[PDB]
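Trainee: Now for the letters of each chain:
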Amino acid sequence: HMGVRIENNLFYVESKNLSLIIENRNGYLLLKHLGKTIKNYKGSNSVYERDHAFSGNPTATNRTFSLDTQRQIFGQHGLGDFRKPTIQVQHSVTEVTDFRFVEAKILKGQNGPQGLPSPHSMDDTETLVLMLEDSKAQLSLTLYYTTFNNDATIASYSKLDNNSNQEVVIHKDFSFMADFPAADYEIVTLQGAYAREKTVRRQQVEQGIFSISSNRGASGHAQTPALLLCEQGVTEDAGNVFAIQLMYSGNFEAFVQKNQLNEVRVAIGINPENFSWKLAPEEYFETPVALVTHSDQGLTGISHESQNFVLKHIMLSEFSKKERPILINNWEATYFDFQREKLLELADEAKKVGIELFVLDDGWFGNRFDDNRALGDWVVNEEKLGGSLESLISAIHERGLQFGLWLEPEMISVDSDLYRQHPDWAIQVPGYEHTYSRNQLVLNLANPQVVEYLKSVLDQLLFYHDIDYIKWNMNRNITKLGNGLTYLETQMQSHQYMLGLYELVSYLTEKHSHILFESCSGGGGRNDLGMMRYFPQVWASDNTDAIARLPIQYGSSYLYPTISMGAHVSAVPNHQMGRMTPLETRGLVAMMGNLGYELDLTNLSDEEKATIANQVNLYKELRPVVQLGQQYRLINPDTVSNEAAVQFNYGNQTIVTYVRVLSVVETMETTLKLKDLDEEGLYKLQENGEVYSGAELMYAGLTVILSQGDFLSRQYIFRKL
Amino acid sequence: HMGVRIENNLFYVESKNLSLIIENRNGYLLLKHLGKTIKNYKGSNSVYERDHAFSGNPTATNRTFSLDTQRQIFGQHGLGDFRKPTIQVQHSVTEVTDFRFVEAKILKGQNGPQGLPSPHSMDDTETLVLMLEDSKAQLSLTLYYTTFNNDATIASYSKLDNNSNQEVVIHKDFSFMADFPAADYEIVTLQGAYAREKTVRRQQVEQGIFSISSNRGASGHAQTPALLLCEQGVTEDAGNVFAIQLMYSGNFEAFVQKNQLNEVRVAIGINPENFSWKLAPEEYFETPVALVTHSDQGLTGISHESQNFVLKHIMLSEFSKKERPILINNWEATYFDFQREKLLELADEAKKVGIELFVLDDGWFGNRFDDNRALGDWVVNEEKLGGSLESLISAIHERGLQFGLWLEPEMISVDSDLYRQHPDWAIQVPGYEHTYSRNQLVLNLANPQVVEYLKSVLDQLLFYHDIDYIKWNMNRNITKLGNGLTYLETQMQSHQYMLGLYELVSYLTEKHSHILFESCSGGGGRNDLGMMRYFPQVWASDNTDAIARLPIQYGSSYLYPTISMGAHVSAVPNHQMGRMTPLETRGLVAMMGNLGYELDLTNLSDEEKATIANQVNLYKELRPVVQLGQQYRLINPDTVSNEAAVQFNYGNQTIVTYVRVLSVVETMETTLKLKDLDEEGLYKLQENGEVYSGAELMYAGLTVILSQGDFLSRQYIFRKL
Amino acid sequence: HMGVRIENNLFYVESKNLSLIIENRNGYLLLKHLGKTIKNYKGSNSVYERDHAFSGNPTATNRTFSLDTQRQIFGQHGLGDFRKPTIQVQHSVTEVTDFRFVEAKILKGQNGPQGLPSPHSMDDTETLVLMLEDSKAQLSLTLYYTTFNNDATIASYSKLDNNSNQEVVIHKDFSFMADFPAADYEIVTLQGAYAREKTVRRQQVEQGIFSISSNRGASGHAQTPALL
Amino acid sequence: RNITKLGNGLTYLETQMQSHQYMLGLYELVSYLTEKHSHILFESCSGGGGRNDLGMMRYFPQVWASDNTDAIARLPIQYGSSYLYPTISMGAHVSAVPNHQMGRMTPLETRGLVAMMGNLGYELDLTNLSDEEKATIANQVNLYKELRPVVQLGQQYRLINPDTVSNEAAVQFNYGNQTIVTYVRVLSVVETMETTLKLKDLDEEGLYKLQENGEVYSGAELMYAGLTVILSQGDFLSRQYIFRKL
Ligand SMILES: OC[C@H]1O[C@H](OC[C@H]2O[C@H](O[C@]3(CO)O[C@H](CO)[C@@H](O)[C@@H]3O)[C@H](O)[C@@H](O)[C@@H]2O)[C@H](O)[C@@H](O)[C@H]1O
Ligand SMILES: OC[C@H]1O[C@H](OC[C@H]2O[C@H](O[C@]3(CO)O[C@H](CO)[C@@H](O)[C@@H]3O)[C@H](O)[C@@H](O)[C@@H]2O)[C@H](O)[C@@H](O)[C@H]1O
Ligand SMILES: OC[C@H]1O[C@H](OC[C@H]2O[C@H](O[C@]3(CO)O[C@H](CO)[C@@H](O)[C@@H]3O)[C@H](O)[C@@H](O)[C@@H]2O)[C@H](O)[C@@H](O)[C@H]1O
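Residue numbers (the deposited numbering), protein chains in the order written: chain A, 0 to 386, 387A, 388 to 720; chain B, 0 to 386, 387A, 388 to 720; chain C, 0 to 227; chain D, 475 to 720.
Everything labelled a hint here was simulated from the structure, so no lab data went into it. Don't take every hint at face value.
[To be verified] List time: in silico BS3-like cross-link candidates among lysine-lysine, alpha-carbon distance up to 27 Å: (1) B:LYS38 with A:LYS719; (2) B:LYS257 with A:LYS35; (3) B:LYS257 with A:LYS672; (4) C:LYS15 with D:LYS674; (5) B:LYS321 with B:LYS277; (6) A:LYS277 with C:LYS15; (7) A:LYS38 with B:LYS35; (8) B:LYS158 with A:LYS38; (9) B:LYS719 with A:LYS719; (10) A:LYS672 with B:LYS41; (11) B:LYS672 with A:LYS41; (12) A:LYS41 with B:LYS674; (13) B:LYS158 with B:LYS83; (14) A:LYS277 with D:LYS674.
[To be verified] Distance ranges between label pairs, derived from CB positions: (15) A:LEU705 with B:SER316: 20 to 28 Å; (16) A:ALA181 with C:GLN206: 53 to 61 Å; (17) B:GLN231 with A:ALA570: 51 to 59 Å; (18) A:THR670 with B:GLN203: 13 to 21 Å; (19) C:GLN206 with A:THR670: 27 to 35 Å; (20) D:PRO581 with A:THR670: 53 to 61 Å.
All C-beta atoms, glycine included, are put in the ideal place defined by N, C-alpha and C.
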């Protein structure tokens, strides 16, 4: 039985196979258990209350009760707990608060912070509402924990109300925190860099503080809003994992602190850096939604739990189970140098190879002949497109292709009519020169006039044109914060920017819900669950190299479903890596993602065209298995591995893709075992027609054979009889 | 379905959840699969046949078939395979053989090598019989693989027949071998030293050869006949483990070889060192029984599989499920300095504290007043015992105690009547001085007159005395091999010694099957599955320190059931470690084994006597849980751990023992989670009366509380309601 | 030879067997070398200036110069460097500063911050004085680096002057910072607890941020002000 | 204790300044008193080592390294406390048994040798000791009066580090013609070969006379062959080697 229960001084938040059990101890909230379901909890793992030196107390005479030593669900500074705090509010002459539990209620169904991306499909949910007050400061803090009946995830956020008659300032306000008992732990995060997105990192939890954070105003290429606290020795197949993640796309922090007693705190939320929030009397602030997800089935267990929750409760219902079109994108194909003739020729060739959607990338607007001007000027360049966009779209439609279009709405070039008309719309500091990045500036989406302008321009574009797909790029990070009328308003503008972005994209995606929107940020610069609430796919990386894509895809699909993960077959030598790879390998690697194409089809040989047509035919078959099926990592492409292998199961279909990076010699063949088959099931391998029992494939495995050479790949295709 | 199947050129050896599948390829036997059950095996994991440089071939024209690269079940040298061989026979001018498969048959039921310890309770077994011949050398080699219907174990041994009319000499003859596919592996072994027996060692498999071996003529304190080849990253709870073990108590070797292709060979058997075996025409040689055991449930999985197989098919049925008596042994209590008065006083005190069995240790025979004489002279010292042994036994019986007695039959002192009468009965080399060890010599049990003498003397002792228990010690290793009439006979004497030992102990244990025989060798110097066939318990270590016993018990029960594992509460400061430990801890540590007592009860305070009486009462309750229940390691006492914890489940009873070695300060309490309970089960903790669900105990766990101090312990006792 | 030297656009801070060599590049201060003595430094280990994606620039047309990628001796936020900053001052509506090197001087002998514990026996020392200004905010930041003739140690601190006619607020102001070239590193710290003081901890440097800190108003039992 | 409840400012900003201003106040106070009374030896303390840093060591030339006075628990504490700070700073006291923090019996000899790797004092009720324990202490004091310059003024060399896995600690001090080495074993071991302990930073050709046996060893022998370290059976045993360079 799942949902929320209040039983004496215990609160039980009960999702599928995951419980959070909280005790009200005289107004203090104690984390008793987070993990697998326990009913009738007695307290076997209660903290032993001891006099711990230099750990102080709320009363004079009791040295054994200390907030420095109790396991909690939110952290304050100044009351004796010296671990990193997750709520800190300035009021009058202090930033000490003492929030005490006052009242609990339970909600059913849809529930979340206003103006921030939050779970959908919430009919079968309950939400625990923990109302806390600081009587002296006349502030309220309300904690929300929501259950899910179909996933081992709990969602959380808080609301802070100013009930005083002075201005108060929020300095810290995270979305989730948990104190875990002293034990050995490891952590997994996804970091990396541009063209190396979502690099999977694993390390031992050590005394002190480890953190990942973005202060770039976007979540960023080099860190994802996720932190996995793992049982020592976790594998792909076994051990406990708790994943904490944030549905937010701006500045964030995730941290793990191991204190002086070996206790462990984890939290995620809005980054304290670049953040303060003024609340006038009666005003309130709600945090973005955090998620805590659990598996006892190792890292593959947590992947599945996280992917399922995303598919069911984050990604738009309209698209979460809808096969995505195989596209052609002209970007690497032509860059800025194109016109109508070239576009339709490319469309002609895309149609012949069975591609479904044609995306017109950067360069169609203003005087955008390079990347040094025109952002902000969303006016069709009818000269370059050889007539109206409407006439181009009709042409593409008449050739049997859906039509897609690139935008970068959050940006403005100095050399643009927009900047000439409104220079104050850029993020900037009075009396400081701009900082430039790809020779462009960022629009101040904390300015409601900016948001209004973009809603108008884009609504016009989408209503007057028959566009099937949008690619929403964002190609620099935020510098020179100084647009506020006060310092405090500047401190608010980075979060207000996000609120502005979310108002904009929720509006357009809702008002044009037939359109498939793909998010982008020089690839995976903002590939997080805030964006995935509105954009059901994402351009995973500007790196389109088949081999460099291996670790990128590993990380990009670690917590997010494969269906989200844009992957394109591109030209050789590869533009980022300067590398030759087989077209077969480029194909098989992209087919582990959401397949498209990004190269000049008009310049290929007859043979290369035929190969591509075969790849398209193959993927039309594999697409449901890849996009709708269950993913199993078999060999992980890490820093030392020479191999990658990923399996997908979907009903009677099982496929396995294998890639070897460097050629080897006098090295015995790898044995590759499949996972999650029926032992007694019979599996017919397409290439040789041989029928193998599931037990054979899982416990004996495939001897993997390759010729001599770098970057070779193969695929095994099975049908269960 | 289990047993043996022959299907075209495949042989299937099918135990419970474990299969060995062998292919006959033109007379060569190939290991196709060893692991979880596969029916209808097709060969997904077949070796890819390739020209591998410097890997030669049985025919000129086919460079892709090589015994250097095929996975096999026995290894020869000289035919192109350069991995370590497991059969090597000298005949005429060569030690090249080429055994080729000729015929297979299947046996049902009881089956094993003559004169060597082998599995019992074999009604539900089948044995694959693979008959091989070398036509040129006129030798036969027959391989036996036996299934078990109730355990994931396969047993193996071989028989080598000389069908030629010349003498041949066996140089190498192992009992089991398997070639495993290139992959990452770790190995676990039990090594250590005297007073540090069965130290659990784990390491990475590396290119080259790793081995453990004894050349001491006994398996030895410092290595056990076991090797566990483990999946990379195996835990207590998860991953594949293959344990290979040997039912032999003499010289052995276990090895893992990683060859030039990354392939892995493992084998166990009689050590080539100190071994050669002459076969005259018509003569044959059978190897000791090896076992291969499998679990996919980590190291606890393999512990359970190994323990269960030992309990059901090795340890004597008469004792395998029989609670063992709590004993007093006088050895540490008095050493050699005792007489009748002291013995009966000790018996009186043992009776008052509820002890069940009184063991008279070394010093009762010949003129054994120290350890410098009298071994070999098994004549009762009626002066020291204050009358006949019969009169002592009656006295002990009348006090309500069973009676036990120490022997060391395999040994002879220079200063003895035995040595004065038969100096040639000692193992020795003509013209070399003795090598001494504890100032004694080893009897040559390869001499049938020695075996006859010991059968006679011991049969007399056991038939004319009402003895309930025997402790069979053996206190040195074998030096100065030179008793043969030829070099070859000397090379045979170490194995013949074992054959002599096994003839002796199988005879006496069978003829006096009511007696509980406990094996001993300065503690755990010969604690192997050869001995455990006849001796259902073993003195695990001369080290009786509660704390030093932690790693010893960990290893001693790793593959062997707890019931086998002698453990005694002894005096402080401890005689081996020079350490004070709490009597409570000595008690709780010994109670994780087969409990007895070894200290001078007559010299204890009234309080210490009362404590012991309480310990005895407690263990009378715990005994079935400990001896008959299922063992779960919760915290392992290794080189870095500061803790040990072991759980036992038996029906409605669950107990957990926890020990902390060094006192800690400002360190959060350990959280100890129980295993293998019913989630919905209700578990009443004896000490506080609180009722916890199995889910709570398994997923939240116990906060473990201790006072300040070294070597503290506690026990949790649960009853399932 | 030890002490401080100014040579064209290089500053050399030279203690016994330890040098800090700083380059003034158009007002930006670059850490060229920290480690064993080098005279006549040419720049073998200079940063290669490359267009690094999402690493922005103080001018529109030069994408290869970025404070996100240059090795520095103090860190600001808002000018394109996104690494953790060590100076951050609120003034008017912003906490963006842009301190630019203006002038260097050299002191001899005793020198240190007023009211804070600082080295003694300083007769054989020299101190590099790097005067930085943010003309817009009308703030000065002055960096001090002091040599020792008998020890491989350099001492550092800074002075921040408000030359504006409004109140300003310092939010961050660390005492030393160094950017080290990509390589494998380990760190040693002294942590522990009450009754377990100064426990020696060693670990691998990993992507992300590791920190020890006290917010107890004393340095504390569980962390020492040291990082190796 | 540590600081809680910050709110003494007339404004929020002044509260935000009070923690640093507190330190400025502390330093004004201690610089004043230590300067005005510079003959006095001031030892800093904070429930032991709660504030053992180089700010304090500017004014307080020694520090109470830890409230933990257990000889064995002191091993990792001293390792860290002298890692970057000189031994002379590092207060260490021989205390009573069972130890008040650890609840542990340790030999008085070991308590002595461990404290003598620091700045030695005593912290137990001397009036309640046996005649024998008093005599031992008098011998320890006599010994340290000799060792004090070597320990406090000499060069420290860690030979075996007491970490989480080590069962041993060993620290050497060189001072002119004097070299001492202290060795401690935590848990008793059995059937384990003796440790070989090599000394550091000696003259290869120098001749080193070991006090306990009178044997003369070259520096090369002590550095490259090393001492076989012998102990009886038992926990928390220690010994000291004392050398004079001839
Ligand atoms: O402008 C369209 C483009 O926007 C995003 O990528 C921006 C990316 O462009 C630049 O690099 C090149 C072309 O000069 O583009 C590819 C990467 O796609 C590179 O191999 C090549 O250097 C800039 O140099 C980068 O700073 C910048 O990140 C979007 O992600 C692309 O898909 C495309 O739509
Ligand atoms: O002789 C009876 C004795 O035999 C086995 O142990 C032999 C063991 O005895 C010696 O050591 C002492 C007594 O001198 O006995 C204990 C160990 O039990 C030691 O603490 C003490 O040194 C020899 O020194 C050893 O070489 C020898 O191994 C048997 O295992 C004992 O249970 C006991 O029956
Ligand atoms: O008050 C004098 C004391 O101050 C510092 O230590 C304070 C220490 O005292 C308490 O603990 C006890 C006595 O009750 O003292 C020893 C430690 O010295 C402990 O074994 C025992 O529990 C408090 O319980 C602690 O919170 C507190 O830290 C100073 O460091 C001492 O040298 C001494 O001067």
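Trainee: All hints, please: hold or fail.
Mentor: Tested hints:
1. Proposed proximity of B:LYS38 and A:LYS719 is supported: the alpha carbons are some 16 Å apart, at most 27 Å.
2. Restraint check for B:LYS257 and A:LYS35: the C-alpha separation of about 42 Å exceeds 27 Å, so the hint is violated.
3. Proposed proximity of B:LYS257 and A:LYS672 is supported: the alpha carbons are some 21 Å apart, at most 27 Å.
4. About 24 Å separates the Cα atoms of C:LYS15 and D:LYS674, which keeps this hinted pair within 27 Å; it holds.
5. Simply put, B:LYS321 and B:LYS277 have alpha-carbon atoms about 43 Å apart, too far for the 27 Å limit, and the pair is violated.
6. For the hint linking A:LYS277 to C:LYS15, the alpha-carbon distance of about 52 Å lies beyond 27 Å, and the restraint is violated.
7. Distance hint between A:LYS38 and B:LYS35 is unfulfilled; the C-alpha atoms sit about 37 Å from each other, more than 27 Å.
8. At most 27 Å may separate the alpha-carbon atoms for a hinted pair to count; B:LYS158 and A:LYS38 exceed this at roughly 60 Å.
9. About 44 Å separates the Cα atoms of B:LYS719 and A:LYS719, which puts this hinted pair outside 27 Å; it is violated.
10. With a C-alpha separation of about 15 Å, the suggested pair A:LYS672 and B:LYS41 falls inside the 27 Å cut-off, and the hint holds.
11. Distance restraint check for B:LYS672 and A:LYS41: the Cα-Cα separation of roughly 15 Å lies within the 27 Å cut-off, and the hinted pair is therefore satisfied.
12. Pair hint A:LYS41 plus B:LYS674 holds up; C-alpha atoms about 18 Å apart against a cutoff of 27 Å.
13. With a C-alpha separation of about 20 Å, the suggested pairing of B:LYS158 with B:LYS83 holds against the 27 Å cut-off.
14. Restraint check: the Cα-Cα separation between A:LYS277 and D:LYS674 comes to about 62 Å, which exceeds 27 Å; the hinted pair is violated.
15. A hinted range of 20 to 28 Å for the beta carbons of A:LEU705 and B:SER316 is inconsistent with their spacing of about 54 Å.
16. The hinted range of 53 to 61 Å is not satisfied by A:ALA181 and C:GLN206, whose Cβ atoms lie roughly 26 Å apart.
17. Distance hint for B:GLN231 and A:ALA570: a CB-CB separation of about 39 Å, inconsistent with the stated range 51 to 59 Å.
18. For A:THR670 paired with B:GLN203, a C-beta distance near 19 Å keeps the hint of 13 to 21 Å intact.
19. Between C:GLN206 and A:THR670, the C-beta spacing of about 32 Å keeps the proposed range 27 to 35 Å intact.
20. Taken as a hint, the range 53 to 61 Å holds for the pair D:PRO581 and A:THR670, whose Cβ atoms sit roughly 58 Å apart.
Against the hints set out earlier in the document, violations occur for numbers 2, 5, 6, 7, 8, 9, 14, 15, 16 and 17.
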